[PDB]
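One protein chain omitted, others in place.
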Amino acid sequence: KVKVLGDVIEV
Amino acid sequence: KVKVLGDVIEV
Amino acid sequence: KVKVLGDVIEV
Amino acid sequence: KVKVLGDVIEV
Amino acid sequence: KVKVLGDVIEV
Partner (left out) sequence: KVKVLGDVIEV
């Protein structure tokens, strides 16, 4: 299954 | 730790 | 259209 | 409620 | 490369 994994970042 | 988990959807 | 929908989680 | 909304991009 | 870019929103 395709999923999204990521991070909360400051830009 | 804070992370992001989600899905790819069609809208 | 393809979009991403997800959640902020604690791991 | 906090949620994540985003896009699939090419980089 | 495919990546995800998005926002933290209130719903």
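The first chain written gets the first letter, and so on, giving A, B, C, D and E; residue counts start at 1 in each chain.
Methods note: a residue touches a chain if its C-beta (ideal position, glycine included) is under 8 Å from a C-beta of that chain, and two chains touch if they have at least 3 such contacts.
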Where the unshown chain meets chain E, residue by residue: 2-8
Contact set of chain A toward the excluded chain (per top definition): 1-11
What does the interface between chain B and the hidden chain look like in terms of residue numbers? 4, 6, 8
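Note that in this section only the chains that are shown with their structure count from here on.
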Can you give the shortest number of steps from chain A to chain C, where adjacent chains in the path must touch? 1
Contact-richer chain pair [C-E vs D-E]: D-E
Interface composition of copies chain C and chain D: same or different, split at half: same
Separation of the C-alpha centres, chain B versus chain C, in whole Å, is 2
I need the residues of chain B touching at least two other chains; which ones are they? 2-8
